[PDB]
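Engineer: If you want the building blocks of each chain, they are given just below.
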Amino acid sequence: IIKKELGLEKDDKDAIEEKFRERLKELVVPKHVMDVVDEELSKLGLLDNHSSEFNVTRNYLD
Amino acid sequence: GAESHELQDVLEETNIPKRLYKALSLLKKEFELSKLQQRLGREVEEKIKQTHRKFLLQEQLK
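Chains as they are written, first to last, in this note's numbering: chain A, 1 to 62; chain B, 1 to 62.
Don't read these hints as lab results, they were simulated from the structure.
A few chain B residues that don't get close to chain A, going by computed Cβ distances all over 12 Å: (1) 1; (2) 7; (3) 19; (4) 25; (5) 55; (6) 57; (7) 58; (8) 59; (9) 60.
Quick list of the computed label-pair ranges, beta carbon to beta carbon: (10) 35/B to 26/A: 47 to 55 Å; (11) 21/A to 10/B: 56 to 64 Å; (12) 42/B to 15/A: 25 to 33 Å; (13) 23/B to 6/A: 30 to 38 Å; (14) 28/A to 59/B: 44 to 52 Å; (15) 12/A to 59/B: 30 to 38 Å; (16) 60/B to 11/A: 25 to 33 Å; (17) 51/B to 12/A: 21 to 29 Å; (18) 35/B to 31/A: 50 to 58 Å; (19) 29/B to 2/A: 14 to 22 Å; (20) 35/B to 23/A: 45 to 53 Å.
Ideal Cβ placement from N, Cα and C applies to all residues, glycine included.
Work the whole structure out from these sequences, hints included.
Structural biologist: Put into structure tokens, the structure is as follows:
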């Protein structure tokens, strides 16, 4: 905590949100899929990094 | 706690006022470095205690 990521680098786990969104931002897309995507993103935010649920969520979102 | 270089420089200070002032400045350096370490340690100690206190608040709510 003292380094506050000034000794390590941002894990980018939160950056996965924007990474996927920009990976999708450019696509003209229906709406139901957007709300499903938002729900999956919210679950990702809630789900811990090490969880198997989290891993399957990551694969599904990929 | 300074390295041998600072001690050698203190030796190099021929005039008593110069070496005494260098020693006092190095004491200030030691105190301020220890102050940085103490401040960071206390900060993260309170932060971790508060992290556990968050779970304590959770259990109180339960």
